[PDB]
Structures are given as structure tokens and as C-alpha cells.
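Below you will find one chain, with nothing else, as C-alpha cells; this is the form deposited in one PDB entry, and questions on how it binds or moves follow later.
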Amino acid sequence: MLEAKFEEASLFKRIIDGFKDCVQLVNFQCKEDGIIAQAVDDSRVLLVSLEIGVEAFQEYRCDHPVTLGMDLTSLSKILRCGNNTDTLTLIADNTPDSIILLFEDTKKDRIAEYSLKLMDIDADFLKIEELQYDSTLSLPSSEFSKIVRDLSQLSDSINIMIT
């Protein structure tokens, strides 16, 4: 079995929203030490790499490596479920054909449980290689967002220049 419980249901929703917009079918690989996901978009110019360590779940347990393939559209329909303050728990028993998302509110009052049929999805081949980079900057993500959104108006290409 896999059993991973989030403190905040909001977290997972907010992570899927982070990338349901470029890749649509992704395989989530669950391990003893957390979950990772890689996927390339269709144009094959953009790779998305997710990693969630154990210290993001309030309670994590994964007996064996398992891979769940999800349609991210399907998945976020279900992620619009409950109060988004709530404890969300993923559950898959091993060799799974569905995943279970179990919302519960702090009080034993309500308990919504969803099951999502899984997908068969091909692994692509990519592996990543870090290499150092000529430059590294960090800035508020809201600022970068505004810049990109704004300059987006004018061209289909934005150019970055550091000097």
C-alpha cells in the first residue's frame, strides 16, 4: 500500500495547478522517501520536474515503489472537492488500477472519498543533467510573473540579457 497524507489539501491542488497547463498526462513515482514526477510537453522543449520529499506530508508511507499515471485534467476536477483546508490522503494498494483521494475535515463530521481510474503512460527517456550555468538569479515570483505577463503582450519571444 501507499498512504500519503497532506496537512493541507490546498498544497497538492496548488502543485498540480503549477503544471497541469503544459503537460497533461504524468506518471507520479512513489518511493520510500517521497514522490517525484517528470514529463515533457508535446513540443519537447519543456521538461517539468517535480520532487516532494517526505517532510511535506504530515504522514508518509510507501511500502513498495509504485507508479501512478494520471490525467491531470481528471485529477484537478477531483481536487476541487473539499474545503482546501482539509487533510488529503492518497492511497493505492500495490499493483493499482485506481488511486484513492480521501478528504477529511478535522472533526469526524464529513469524509469524502474519491477514486480515480489510472492511466497507462509511457516513460519517455529523459534523465536530467545539471551542469552549472553561466548565471543564477532569484527574485519574487510575483514580479517575474508580472514581467512575463506584460512583455507577453508584445512578442512571442522574450529575451533575457545579463551583463
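Shifts are known only where both forms have a C-alpha. What we label the rigid core is the largest C-alpha set whose atoms superpose within 1.5 Å from one form to the other. Numbering follows the first chain given and starts at 1. Compared with the form deposited in another entry:
Of the residues listed here (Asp124, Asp97, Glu59, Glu113), only one shifts its CA by 2 angstroms or more between these two forms after fitting on the rigid core, and it is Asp124. Shifted region between these two forms (3+ consecutive residues, every CA moving 2 Å or more on the core fit): 124-131 alone.
Show the other one: the form deposited in another entry, since we just had the form deposited in one PDB entry.
This part shows the chain on its own.
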């Protein structure tokens, strides 16, 4: 019986960007300790994995695990109704057929109820992270962003080297 409220629909709008562009479908597993989500790209070379904790919502309540696999392309449409700083709220029932999305903003100003019809997607969660990796680096995300962006002009295959 899920009711999960983002203080600003921008966030979730952003997160779904990550999946869009490289994965069609995704199961969402809602739990009493928040949401997590997994999707594998089509060529099984890329896995997108998402974890969102209770502390990330304005309010969160989900007294019972529920899975929602959803068409991302569908869901994003619904997310354009977003305006970016409205209060988004996901809601679901015991056995869910539709998840309801619910935006409103400053006061009773405006309110907009949407439903996304859910689909049966088979849950094959992967647990692929290793304990030890050869190397680890962090760097400004837009620096990285820039590099990948430039070298993509020259070549289909960027190659990384650490020493």
C-alpha cells in the first residue's frame, strides 16, 4: 500500500532520464526501506541499478513490498507533466494494476492525477558488484561528461588506461 512523496518532481524526473535512452523496461521494487530498481540493456552489456532511500522522499510509506515493472517511455511521458518543482507522489494498492502519480505544487494551486497501467515483467535481479576492483577513481561528473563527449566524435570505442 504505497504512498511515496518526492518534495520535487525534478528529482525523479532526473533519475528516470538515466534509464531512458538505454533501457526499455524496468521492475520497481518498493520496500519499507524505500525503492530500488534494476534494468539490463538489450545486448546484456549494460545494467542500470537504482537505489533510493526513505531519506530521499519528503514522505514515504510502504508497509508491504510491491513490484512495479513499467514502460519507461510511457512513464516519462507522464513525467513531462512535471514542471520540475511540483510535489510528485506515487501511490499503489495491495495488488496493483495501475500506479497513480500525483502532482501538486505551491498550495491548493493545482492538482493532477495520472495513472500508469503496469505490466508483468519477470524479476531476474542481478548482484554483479565485486568486492575488489583493480582501480578506483572519482572526478567531477561533468569533467567526465566532457571527456566521454569529445572522444565519442572520433571513435566508437573509447579505451581507459590507469597506471
